[PDB]
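Next comes just one chain, in structure tokens: the form solved without its partner chain.
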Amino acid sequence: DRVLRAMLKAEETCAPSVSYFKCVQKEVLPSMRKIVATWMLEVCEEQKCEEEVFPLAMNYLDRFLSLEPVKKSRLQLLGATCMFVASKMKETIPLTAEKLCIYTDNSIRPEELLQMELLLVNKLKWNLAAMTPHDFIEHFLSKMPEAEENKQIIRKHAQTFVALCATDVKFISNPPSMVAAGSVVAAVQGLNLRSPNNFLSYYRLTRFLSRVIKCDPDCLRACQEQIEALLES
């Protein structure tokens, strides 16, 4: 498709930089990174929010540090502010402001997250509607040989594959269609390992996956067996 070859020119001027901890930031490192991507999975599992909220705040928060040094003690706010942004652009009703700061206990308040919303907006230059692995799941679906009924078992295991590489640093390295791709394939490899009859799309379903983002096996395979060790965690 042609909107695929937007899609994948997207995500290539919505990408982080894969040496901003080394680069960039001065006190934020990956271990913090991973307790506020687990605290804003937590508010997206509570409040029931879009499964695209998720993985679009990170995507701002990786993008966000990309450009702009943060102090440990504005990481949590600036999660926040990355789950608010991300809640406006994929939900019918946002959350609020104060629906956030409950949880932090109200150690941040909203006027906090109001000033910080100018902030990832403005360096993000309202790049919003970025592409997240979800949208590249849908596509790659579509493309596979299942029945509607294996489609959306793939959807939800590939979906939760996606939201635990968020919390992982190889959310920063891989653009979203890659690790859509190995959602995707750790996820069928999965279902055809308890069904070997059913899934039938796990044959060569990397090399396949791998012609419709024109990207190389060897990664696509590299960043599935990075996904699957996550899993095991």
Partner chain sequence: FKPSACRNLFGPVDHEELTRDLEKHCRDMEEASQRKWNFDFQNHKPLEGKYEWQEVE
Given for the second form:
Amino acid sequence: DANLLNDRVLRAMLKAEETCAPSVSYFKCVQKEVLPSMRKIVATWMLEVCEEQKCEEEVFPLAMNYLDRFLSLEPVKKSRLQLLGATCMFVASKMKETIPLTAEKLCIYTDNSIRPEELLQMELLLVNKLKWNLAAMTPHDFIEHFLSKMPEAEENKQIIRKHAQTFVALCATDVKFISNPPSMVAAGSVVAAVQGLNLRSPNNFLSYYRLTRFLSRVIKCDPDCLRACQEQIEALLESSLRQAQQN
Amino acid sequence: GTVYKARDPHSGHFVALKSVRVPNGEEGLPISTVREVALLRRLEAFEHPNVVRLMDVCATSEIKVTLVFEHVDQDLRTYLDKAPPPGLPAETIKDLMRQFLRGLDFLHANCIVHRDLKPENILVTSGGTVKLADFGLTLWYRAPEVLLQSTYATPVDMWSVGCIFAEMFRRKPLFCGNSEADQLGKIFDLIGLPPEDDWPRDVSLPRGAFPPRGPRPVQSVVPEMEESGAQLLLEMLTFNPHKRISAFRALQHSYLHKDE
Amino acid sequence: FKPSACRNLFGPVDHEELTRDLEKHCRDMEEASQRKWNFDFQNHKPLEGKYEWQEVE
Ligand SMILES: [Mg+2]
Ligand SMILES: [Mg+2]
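For comparison with the form solved without its partner chain, produce the structure of the form solved in complex with its partner chain.
So here's everything in the complex, that chain up top.
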């Protein structure tokens, strides 16, 4: 039934996410000018752009995947990191949105630092450098699969989904998004999300215990490692709230 | 442009070059181009043995996209015309059908509907491996719901599979029609006229377009096929697309269970 | 006019150098592919090497 195919689909998704993975070592080993601090700056800007333009929620993580992959293969100058980020948003939007972001609007969002002709030429460079492996698995793919297995009210799945997408965006702004595969970012995001930001005593129909073990079983990890992931995500939240409020 | 072919000296296998000349505009690569080529790249990662392998995507810049594919010289129509005068042995047919179904199940599991399955685009290597060919880019093999212009999804491929399945025994197609109305008439000649509450809504031709007709025994059109293979044929040649057997289910049918 | 998300991140771009570089990178990949298959993809006609190309009507 749908159970036999859901097993197969999930097993297929876990194999697909190995093919579109960046290198955890590209700062040390490929980049000379681009530092981790600059990754966070360009990713923070990409995220604001995607949120301003009300992009589908996958555009921003998918663009970070393109960015980390291009940086695992090619040195990029500091002065062209923004151009790479705009191009990654450009291509991710085409993959995920009915009416993609326009070239002219992306250039406006760099304060006209880059020009449309440069965006189009960078798009050919990016797409060819990735050998057209553009259909990468996103954490959002795994979140929807996990949620289709959770016996919760739709009301509650909606909140869980919102929180988990917020958490996925947070991870994508940090070097965690580089080492951890999408399934693991998704699982940690979901178990963090069912904690509801510590606002209420969680009241879930599938216990947190049963969920974490279910999730660990299907993404093939130790439950200890899923809890370490969630803890990293909650530390990322704590840090970003402190950084945000101070200015 | 013109399609080229070449042998690989790393092995002895063949390779071909297709190429599309894509419309370059002010928004760069077209949406359909990046999505469709990326879908082929994603499939390629699974390395499925029953689809032609994509070897490269060579784009040159207006913008031109050239794909390098695995090439299989012989299609199934040729494989069937070379068959011994008595026909292909039953075991050979079950083997071709298993591979055909695994390849199709692979595309369906990736939300690809082939839509134009015919013996001409099912390839057979000199080693006997079946490979599906021109996906993701004559009315004889067309599912009733497509001939009726209603909603269609992956079941339309399983209807085509039933036609080809029966064709491997007959060495001549099952339903040969001149138009949609004619193709349908020949179909109902065999499987019977579907009842009223089985007819789609907002369809091109009403049910009154067709005279009343009952099902003929399905082994009248494949008398050389064993009885359980005939049961399986009927489950593919099922009018309601929601009751039609899926590729994965057909692989669990006892008729296709290899012995030992 | 300019949303706050509109900002240059890391300073001026040298645009002529950027254009030069972007076409060098791209032509380099085209050359490598043409050498990989000994096939001139730009003009769609074959070259000579491992692969003896032929048309198939
Ligand atoms: Mg265009
Ligand atoms: Mg095909």
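C-alpha atoms forming the largest set that superposes within 1.5 Å between two forms make up the rigid core. Residue numbers count along the first chain shown, from 1.
A 2 Å or larger CA shift between these two forms, after fitting on the rigid core, occurs at just one of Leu65, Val43, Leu205, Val36, namely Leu205. After superposition on the rigid core, the Cα atom of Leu191 is displaced by 2 Å or more between these two forms.
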